[PDB]
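Full structure from sequences and hints, please.
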Amino acid sequence: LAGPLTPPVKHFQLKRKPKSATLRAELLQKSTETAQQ
Amino acid sequence: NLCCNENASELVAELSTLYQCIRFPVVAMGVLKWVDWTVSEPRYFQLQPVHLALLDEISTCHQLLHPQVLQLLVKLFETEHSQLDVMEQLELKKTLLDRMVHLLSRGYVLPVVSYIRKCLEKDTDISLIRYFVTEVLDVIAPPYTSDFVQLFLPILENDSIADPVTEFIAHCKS
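One line per chain: the protein sequences are U and W, in this order. Residues 152 to 188 (the deposited numbering) make up the first sequence, in order. Residues 395 to 401, 404 to 444, 449 to 522, 524 to 563, 573 to 584 (the deposited numbering) make up the second sequence, in order.
Everything labelled a hint here was simulated from the structure, so no lab data went into it. The beta carbon of each residue, even a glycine, is placed where N, CA and C say it ideally should be. It is possible that some hints are incorrect.
What the hints assert, rightly or not - Below, computed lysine-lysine pairings styled on DSS-like, alpha-carbon distance capped at 30 Å:
no. : chain 1 : residue 1 : chain 2 : residue 2
1   : W       : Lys522    : U       : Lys166
2   : U       : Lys166    : W       : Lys429
3   : W       : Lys583    : U       : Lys168
As the list claims (entries may be wrong) - Counterexamples of contact, computed for chain U against chain W with all Cβ distances above 10 Å:
no. : residue
4   : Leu152
5   : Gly154
6   : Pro155
See below:
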């Protein structure tokens with residue numbers, strides 16, 4: 152109904168991963184710890 | 395259930413199910429309003449801030465929530481507490497600058513750099530803008546489209562260091 156989604160234009164290829172995703176992994180460590188609980 | 399329980405550490409306990417469940421858009425909005433009202437309390441940064453991490457899942461995984469997240473952090477980038485000194489205020493501001501640089505990396509580049517230009521011309526000290534440029538030129542890969550240069554480089558005229575700034579200015583003027 153609301154029409155299709157258009158993905159954003161990528162002005163440049165990322166040579167690395169943002170530090171946000173690094174922090175997501177850092178907190179996924181404690182996520183796996185909770186999985187161990 | 396989690397949000398109205400008035401959660404911090406327990407968030408990190410069930411952050412797995414959270415980032416599993418933020419993929420639902422409406423749930424992402426709900427957590428955004430919850431963390432907004434928790435973090436918008438005066439002096440919520442003196443006691444746990450894990451909540452600012454969750455925007456990373458939201459904005460990265462939902463494109464149309466880029467306008468909200470920045471338009472949340474515009475308030476948080478103006479945080480000022482007499483208890484948490486200007487050093488800690490600048491720490492939180494630089495943290496939020498890293499968040500805004502990440503959100504720029506997702507394509508929300510015109511309004512980010514426009515507001516950065518406005519608050520430098522205003524509030525935001527030259528140290529914060531220099532740290533912005535430091536993190537940006539440390540993370541952004543060339544080529545740099547002129548739609549981004551047109552606001553990033555003429556505000557970068559104030560400084561010349563973070573050398574990556576010299577490389578950026580030379581590449582983007584040549």
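query = Against which earlier hints does the structure fall short, listed by number upward?
reply = 1, 2
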